[PDB]
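In the block that follows, a single chain appears as structure tokens, in the form deposited in one PDB entry.
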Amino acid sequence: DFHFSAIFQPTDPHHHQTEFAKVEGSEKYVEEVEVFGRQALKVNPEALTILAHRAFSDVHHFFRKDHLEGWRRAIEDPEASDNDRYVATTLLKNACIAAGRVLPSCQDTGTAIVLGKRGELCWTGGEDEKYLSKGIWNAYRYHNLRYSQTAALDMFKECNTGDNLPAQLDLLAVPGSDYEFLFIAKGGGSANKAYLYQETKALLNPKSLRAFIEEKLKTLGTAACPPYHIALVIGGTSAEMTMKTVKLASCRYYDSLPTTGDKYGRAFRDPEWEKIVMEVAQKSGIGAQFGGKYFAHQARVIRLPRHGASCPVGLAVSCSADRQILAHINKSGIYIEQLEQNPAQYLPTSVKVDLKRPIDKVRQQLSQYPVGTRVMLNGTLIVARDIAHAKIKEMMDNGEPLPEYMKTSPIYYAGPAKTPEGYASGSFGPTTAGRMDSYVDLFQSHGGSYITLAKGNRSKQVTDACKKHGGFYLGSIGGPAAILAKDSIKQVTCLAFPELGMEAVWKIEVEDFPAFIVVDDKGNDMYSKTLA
């Protein structure tokens, strides 16, 4: 006999476990009505603008408790490494600055993502996408965020949209008369660490699955600013469904799923394998970016049904800029998840490197120290990331020289957020180093980029280049964009390619900028043991 079984059966489908605050006066935007014997809700679409604007404002300055608790755990655990505690303390101090509501917690203010669930009898006028986009537009235009979206004019010619649009707007049709939301400000680097694997029944045994988990976690590396919220999804009805599920799992959206399966194929959370993921993450030694125990805050594992011939697997993380906010509109008005507004309640040597010298003198100083040495940089940095590197490679391919500004100073891979009025800099933390790996040997062979400064582990070609050319890769702490801007960056100037927006080449003057020597000029790599 026919029995309908929804794949996802949360015990808390409306997220009653979350605390919400009502937007004052927002009941003027809604009206409960009764039509053809059923209860319905008229929603002024301006409510969607108001809600999206506040969601994408609040989320850049505050965090959830389970995120902040993880940083406290890394500081207080006796088994945490010194580097575990240093990174966690830095990230918590960064959250305190961001809670001042001026600087966003990260320079990568992310892609704006909206999961919306509009009830059958929730009536907005139907222009939901436009009104939500206006609210997102408002948040990024009138606050000190960043325009990160890149439009394709043709296959290869690109320009910044200049407003952080388009958003990802996933609006679902559901029962009832309410409007429920999950807003995500998703960083590009953590988005890049969403992986899809096409596996088989041969994986579905304890030995093979455990070895698989050990192998894939290492490929996450430190490139998305751990401690991670790690999500793993085994199975699914399609690749895109698997990847949607792992995204939502990483946002703890599916925390109230059942923990057992049944003959109808319902999804379930697997706490036993969540513990195994956490054990793998801790035993890996990767740590909170620079070696140790706190590779991961927590883990989510969801098992899904599958076609007999198929076994898609999804792996994804939420990064240090863990940014999601639940919301709903009902007959009483607009409700938005309440985040932690006082992160300070969770708070319980190094080599000085003078950059105001010839670069060869800086290289000589750095050559005296092994990888893992903590350094403090003082002086000028030249800032360049993906598009600038690509344009410079193209210039050299056309016979033009490597520009002088790539040869005078360490290269900081970064793209700043907008500068608050009266501030020297907006949030200005590092870009993932690995995306520039294909340029290092070329630029060094042409006399520049001997010293780079960014975050994340890099490929072997960069280790080989630095040894061949006498170069160095310095790893900044990943994530603390606001405290770096507040305490370290003293002057910012646009140097080249101003049309690239945040991806322009910048010249900045810094003081007390912390980093680790990750790759030296001798073939050594701080990550060679943990990420082998």
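Numbering follows the first chain given and starts at 1. Just so we're on the same page, rigid core means the largest C-alpha set that superposes within 1.5 Å between forms. Compared with the form deposited in another entry:
- After superposition on the rigid core, the C-alpha displacement between the two forms reaches 2 Å or more for just one residue among 120, 170, 262, 400, namely 400.
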Given for the second form:
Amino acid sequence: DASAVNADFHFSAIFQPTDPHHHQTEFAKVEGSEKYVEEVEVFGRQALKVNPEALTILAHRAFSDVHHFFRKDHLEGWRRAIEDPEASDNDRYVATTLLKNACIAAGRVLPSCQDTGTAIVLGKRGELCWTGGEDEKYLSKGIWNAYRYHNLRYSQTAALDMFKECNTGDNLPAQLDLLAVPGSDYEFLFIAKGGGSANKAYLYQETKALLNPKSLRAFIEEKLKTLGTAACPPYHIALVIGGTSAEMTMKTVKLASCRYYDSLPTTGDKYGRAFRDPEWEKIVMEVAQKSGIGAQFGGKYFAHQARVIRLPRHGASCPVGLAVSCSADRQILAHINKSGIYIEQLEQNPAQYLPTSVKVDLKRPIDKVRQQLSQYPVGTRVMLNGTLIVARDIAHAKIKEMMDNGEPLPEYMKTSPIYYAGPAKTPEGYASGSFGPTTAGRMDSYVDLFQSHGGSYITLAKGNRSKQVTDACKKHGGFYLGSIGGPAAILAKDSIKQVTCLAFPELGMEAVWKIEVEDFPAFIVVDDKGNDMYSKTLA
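Having looked at the form deposited in one PDB entry, could you now put up the form deposited in another entry?
For this one, just the chain is written down, with no partner chains and no other molecules.
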């Protein structure tokens, strides 16, 4: 029957930010850009004409500025990570390491991170914003300019078929999300999203049984360990409870990690509105600090901050989104209006935020090095000096085809440790472009096979690894060293001296490189006995 029914109709938008036009953000205008606009009035309504050339130009300051600078809230976290008495020493060192990288990047020659990311555009074209309609082509051109004329990295791999792939050669196409919105302006958020943090976007399908403090707290405790250290913490953690579909939930959790939703309300209503959840944002941070995971190597600063947005849901549904912003916190707001192009101003003076080292010579027989490494327990910090072999997914895959017919393991797979990494482009007159590690766990499947054929005894990367790497190292007497994640520019400037392609030339950044390093920082993570320095915080 009808007795709990209702009455009149009231539209309430799901997203109701209190700062819809991002007035809380400081913007700078692109000089002379009033030449791109003309005030008109049509059918009694005011409209705005935009030269589509502006999109290439606009997308190119944003996708240039953003690879060298961070937002103040990211930077405040780094100053804070150093000054907190409760931060571990390793937090401070990593934050110091991360802070030193950011200072190098502001020189505009070396990019702040090695993984210069996927180019993502969120666009909102006003009803009366007239661009000529070629928005997508010109925006893609601006990213291309940033990536063609600067020392960034091409990270996107096109699939010619299921297994045959080729590089696009310019890190294009971009993700262009152009939304239709009210008004006559054009608003943008540009995001250069690292693959590592894009990969740390997880979807779980849960139920109402989850929606209680005890279960949800336990869920967050349980699931946070699965984020690990593989996306260069401190993290901005975003958690989205509810959503009208998985993809909408994941888009929402993506933007929260990007602080796009910071000005939402903090209470729900009977009409179903998004809200920020301060209590559960606080709860996420409490879990992060007590987790002991720390800034890559143990401590309190697993996370800068957290955003938790509660959304409405279908009775049959409970989508949940979890996503991070990484150390390379890279986003930029902008808008176009009758006065021209305005672009979020980032902090040009990072300096106000500015406040165990055992040398291991790798230029020795690897058997002497294995013996020395075998002398120390996991968690031991080290500084590496000598030759590294650089190889990641495609180089591993190329190496795997030889290995797949059961013999021989190529000799070049047996002489040196395998460094999972991919460098950014080398600036003119510089020895190396940005060059930090990439997540070890993704190459985990190659170690046991290679070790069983007498190679890949030592691997070097970032991120927690699977039991197979621990098991492999214990059986064969191997070691895994973790470089600091994020400081790609200062490693290249001070530590990385030469890069040459060794194998698989047809590949791009994913070829095998041979490099010689000095003062390369790492921790002994896995020893030759079954030990793993993450076994307590990451099980």
